[PDB]
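Protein chains: 6
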Amino acid sequence: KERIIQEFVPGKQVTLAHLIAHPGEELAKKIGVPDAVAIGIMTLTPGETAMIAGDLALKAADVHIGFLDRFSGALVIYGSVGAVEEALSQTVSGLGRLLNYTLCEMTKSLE
Amino acid sequence: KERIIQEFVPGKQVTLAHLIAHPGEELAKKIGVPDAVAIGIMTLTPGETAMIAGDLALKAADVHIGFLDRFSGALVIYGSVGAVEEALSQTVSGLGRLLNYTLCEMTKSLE
Amino acid sequence: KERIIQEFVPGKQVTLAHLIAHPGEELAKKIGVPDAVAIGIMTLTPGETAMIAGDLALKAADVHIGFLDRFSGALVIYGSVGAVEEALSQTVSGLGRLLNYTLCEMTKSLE
Amino acid sequence: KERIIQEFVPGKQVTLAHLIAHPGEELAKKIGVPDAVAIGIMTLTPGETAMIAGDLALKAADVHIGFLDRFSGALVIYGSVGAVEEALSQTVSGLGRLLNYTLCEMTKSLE
Amino acid sequence: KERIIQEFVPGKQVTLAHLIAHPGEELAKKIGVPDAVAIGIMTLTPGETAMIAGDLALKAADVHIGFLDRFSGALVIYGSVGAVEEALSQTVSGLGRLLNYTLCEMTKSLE
Amino acid sequence: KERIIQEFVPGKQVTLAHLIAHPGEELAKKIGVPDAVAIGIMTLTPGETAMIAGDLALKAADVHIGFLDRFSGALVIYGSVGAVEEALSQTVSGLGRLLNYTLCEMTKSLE
Numbered sequence: 003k004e005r006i007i008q009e010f011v012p013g014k015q016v017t018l019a020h021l022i023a024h025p026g027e028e029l030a031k032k033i034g035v036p037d038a039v040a041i042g043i044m045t046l047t048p049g050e051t052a053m054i055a056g057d058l059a060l061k062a063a064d065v066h067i068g069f070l071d072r073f074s075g076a077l078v079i080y081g082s083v084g085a086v087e088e089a090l091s092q093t094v095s096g097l098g099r100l101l102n103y104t105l106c107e108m109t110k111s112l113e
Numbered sequence: 003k004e005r006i007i008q009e010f011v012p013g014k015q016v017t018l019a020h021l022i023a024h025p026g027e028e029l030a031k032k033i034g035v036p037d038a039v040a041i042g043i044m045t046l047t048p049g050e051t052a053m054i055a056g057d058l059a060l061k062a063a064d065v066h067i068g069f070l071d072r073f074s075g076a077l078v079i080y081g082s083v084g085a086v087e088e089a090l091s092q093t094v095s096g097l098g099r100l101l102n103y104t105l106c107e108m109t110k111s112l113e
Numbered sequence: 003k004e005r006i007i008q009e010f011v012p013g014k015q016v017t018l019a020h021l022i023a024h025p026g027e028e029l030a031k032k033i034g035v036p037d038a039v040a041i042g043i044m045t046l047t048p049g050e051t052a053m054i055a056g057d058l059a060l061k062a063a064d065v066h067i068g069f070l071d072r073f074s075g076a077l078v079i080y081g082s083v084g085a086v087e088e089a090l091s092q093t094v095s096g097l098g099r100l101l102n103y104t105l106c107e108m109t110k111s112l113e
Numbered sequence: 003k004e005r006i007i008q009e010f011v012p013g014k015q016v017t018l019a020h021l022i023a024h025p026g027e028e029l030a031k032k033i034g035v036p037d038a039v040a041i042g043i044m045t046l047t048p049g050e051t052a053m054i055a056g057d058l059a060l061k062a063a064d065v066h067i068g069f070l071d072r073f074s075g076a077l078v079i080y081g082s083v084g085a086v087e088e089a090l091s092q093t094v095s096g097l098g099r100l101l102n103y104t105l106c107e108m109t110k111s112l113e
Numbered sequence: 003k004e005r006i007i008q009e010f011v012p013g014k015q016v017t018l019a020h021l022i023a024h025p026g027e028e029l030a031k032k033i034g035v036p037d038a039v040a041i042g043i044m045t046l047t048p049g050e051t052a053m054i055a056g057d058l059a060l061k062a063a064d065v066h067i068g069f070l071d072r073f074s075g076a077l078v079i080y081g082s083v084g085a086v087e088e089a090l091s092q093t094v095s096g097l098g099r100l101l102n103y104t105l106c107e108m109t110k111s112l113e
Numbered sequence: 003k004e005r006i007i008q009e010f011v012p013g014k015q016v017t018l019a020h021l022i023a024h025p026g027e028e029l030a031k032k033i034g035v036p037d038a039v040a041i042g043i044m045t046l047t048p049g050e051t052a053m054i055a056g057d058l059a060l061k062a063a064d065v066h067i068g069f070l071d072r073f074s075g076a077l078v079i080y081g082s083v084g085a086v087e088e089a090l091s092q093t094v095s096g097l098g099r100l101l102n103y104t105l106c107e108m109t110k111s112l113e
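Quick mapping for you: the protein sequence lines, in order, are chains A, F, E, B, D and C.
In PDB author numbering, each residue's number is its place in the first sequence (first place is 1) plus 2.
In PDB author numbering, each residue's number is its place in the second sequence (first place is 1) plus 2.
In PDB author numbering, each residue's number is its place in the third sequence (first place is 1) plus 2.
In PDB author numbering, each residue's number is its place in the fourth sequence (first place is 1) plus 2.
In PDB author numbering, each residue's number is its place in the fifth sequence (first place is 1) plus 2.
In PDB author numbering, each residue's number is its place in the sixth sequence (first place is 1) plus 2.
Derived from the structure by calculation, the hints contain no laboratory data.
Hints may contain errors.
Where chains are identical, the list cannot tell them apart; a pair therefore holds if satisfied intra-copy or between any two copies.
Once the Cα atoms are required to be at most 27 angstroms apart in a straight line, the calculated DSSO-like pairs of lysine-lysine come out as [what the hints assert, rightly or not]: (1) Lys14 - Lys110; (2) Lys3 - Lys61; (3) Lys110 - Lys32; (4) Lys61 - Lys110; (5) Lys32 - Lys3; (6) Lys3 - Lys110; (7) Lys31 - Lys3; (8) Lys14 - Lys31; (9) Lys14 - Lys3.
Given only the sequences and the hints, what does the whole structure look like? Please build it.
Below is the structure:
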């Protein structure tokens with residue numbers, strides 16, 4: 003085979019930014035967020051980006067932090083479908099702009 | 003040898019989607035799911051995909067979340083063999099469709 | 003040096019499948035399994051494979067789950083040397099068959 | 003495919019150094035820092051660099067450690083916008099100077 | 003830059019096998035082993051190899067398990083300098099033999 | 003893109019060895035070491051190297067273990083600036099000598 007030594011470092015990337023309107027009570031309960039709200043999901047690298055994204059999203063629309071995970075880089079917000087959608091949209095563009103992140107497409111699940 | 007610096011980032015992939023009808027009480031107990039039900043197993047990357055897959059599966063058939071792990075990316079559902087099988091099938095195609103994931107084949111264990 | 007971006011994803015592999023007859027009480031105590039039994043050890047990737055392997059092994063011979071680790075991908079079974087050996091043999095082939103895993107040789111420690 | 007063996011080792015890098023004036027009480031509460039203060043965010047590799055950066059930042063301006071994470075390599079400081087900004091600026095240059103780290107640009111979020 | 007997708011899997015390797023005679027009470031306390039004994043240190047990949055090595059070492063000489071870590075792949079034994087040395091020597095060769103591991107040199111610290 | 007399978011294994015490396023005289027009470031408190039002492043910081047791979055380095059440093063000068071982390075590979079010592087400096091110096095050379103590690107430069111923060 004081949005042996006390579008590899009100095010690892012975090013990349014800067016928004017891997018997914020997903021909207022889920024009408025998650026349902028079971029999923030909501032599992033996730034640890036309020037029922038009857040839309041939901042925004044982001045994975046971020048490095049993990050500390052979640053605090054930055056948290057700031058952005060809060061300032062972008064009327065959304066709330068379900069939870070913020072500075073280790074995994076997870077961030078979950080909730081609120082109206084419209085608020086969550088804007089918050090997501092704004093936060094992705096803000097990261098590529100302020101920090102020149104690798105970005106992704108915003109995605110959605112409905113029904 | 004050779005030294006490479008490596009900025010790591012999560013891939014987007016469904017690595018496995020497996021059905022297990024008749025798991026048995028011992029395995030069920032270990033896994034932390036009800037007995038007398040079929041079982042669906044998925045590994046997902048990044049870990050946060052488990053919440054998205056959770057949504058999809060719940061909406062695809064009459065299945066329930068045994069547990070959802072947004073860290074490892076694990077998701078276990080249960081229900082009838084038919085319900086679990088459809089939920090699995092739907093969830094994989096839904097991820098490749100909505101999010102353009104790398105997908106896998108659905109698999110099964112019976113007896 | 004060189005900078006590479008690396009999207010990571012789990013491989014599908016059975017890295018080891020080892021039989022240990024006569025482990026002794028000290029090792030058994032450390033491992034958290036009954037004394038006076040043979041022992042089967044498997045490392046699996048991804049971690050969720052341990053539930054699938056758990057199913058296979060239980061169905062292959064008269065063995066029992068010492069523990070199943072869906073995070074590390076560890077699975078430890080115990081029983082007679084013959085039962086453990088068959089369970090191991092069957093589970094490896096089953097994974098390569100059902101899921102086309104990268105497989106390994108079965109190994110053993112005696113005395 | 004291809005098989006490579008990879009001996010992993012930590013790189014030496016400041017991946018981000020971000021200033022957030024006016025984070026808001028919600029974000030502040032989530033993050034575990036005082037309200038009404040600016041905030042500095044750094045990700046560092048290896049994780050132990052957070053203690054070194056902690057030293058630098060404290061000595062650079064009138065800032066305080068919200069928290070220091072020698073595992074993830076996270077470090078959060080707070081104080082006036084001016085103090086936090088200087089602390090950040092100084093700490094980045096200090097690491098590249100003393101330890102020849104790979105550095106980044108300082109960034110900021112306002113409003 | 004360059005983007006590579008990387009399916010990760012554990013290698014099979016004994017990275018170090020080190021003997022420490024006369025560790026001293028402070029170090030011993032930190033490590034969580036008895037004082038007045040020599041000490042053997044191994045790092046193993048995958049993590050589950052520690053249980054196999056544990057078996058080998060116990061059978062090779064009159065040594066005892068300080069602790070066995072099936073997650074990190076750590077294994078610490080203790081006993082006489084001679085017993086620990088033989089246990090180490092035997093365990094390394096046993097792994098390369100039974101499992102065709104990548105091996106290392108045995109090392110020692112004295113005084 | 004490109005798919006590579008990657009068997010991972012720990013490298014053997016001292017990534018940093020840093021001296022901090024006059025850390026201050028705040029930083030000291032955060033770090034979990036006594037005030038009014040100099041401080042030595044090392045990151046080591048693999049994680050188990052921290053026990054070996056712990057032995058070396060203790061034997062090299064009149065220093066004490068603030069803490070030893072066999073998981074992350076962290077080791078923090080304290081004592082006089084001179085004792086800590088020698089302990090660090092000795093431990094790095096000892097590792098390259100006994101174990102042929104990849105080494106680093108010793109570094110320091112003063113004032």
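A quick look at each hint next to the structure:
Taking the shortest Cα distances, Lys14 and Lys110 sit within 27 angstroms of each other both inside one copy (23 angstroms) and across copies (16 angstroms). In the homo-oligomer, the alpha carbons of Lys3 and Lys61 never lie at most 27 angstroms apart, since the shortest distance is 51 angstroms inside one protomer and 33 angstroms across protomers. Proximity of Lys110 to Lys32 under the C-alpha cut-off of 27 angstroms is found in both arrangements, the shortest distances being 19 angstroms within a copy and 26 angstroms between copies. For a Cα distance limit of 27 angstroms, the shortest separation of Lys61 from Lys110 qualifies both inside one copy, at 21 angstroms, and across copies, at 14 angstroms.
Taking the closest pair of Cα atoms, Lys32 and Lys3 never come within 27 angstroms of each other, the shortest separation being 44 angstroms inside a single copy and 35 angstroms across copies. Taking the closest pair of Cα atoms, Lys3 and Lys110 come within 27 angstroms of each other only across two copies (26 angstroms); inside a single copy the shortest separation is 43 angstroms, beyond that limit. In the homo-oligomer, the alpha carbons of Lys31 and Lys3 never lie at most 27 angstroms apart, since the shortest distance is 48 angstroms inside one protomer and 38 angstroms across protomers. Proximity of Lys14 and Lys31 under a CA criterion of 27 angstroms is satisfied inter-copy only: 25 angstroms between copies versus 31 angstroms inside one chain copy.
Proximity of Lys14 to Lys3 under the C-alpha cut-off of 27 angstroms is restricted to the inter-copy arrangement: shortest distance 13 angstroms between copies versus 31 angstroms within a copy.
Taken one by one, the earlier hints fail for this structure at numbers 2, 5, 7, listed in ascending order.
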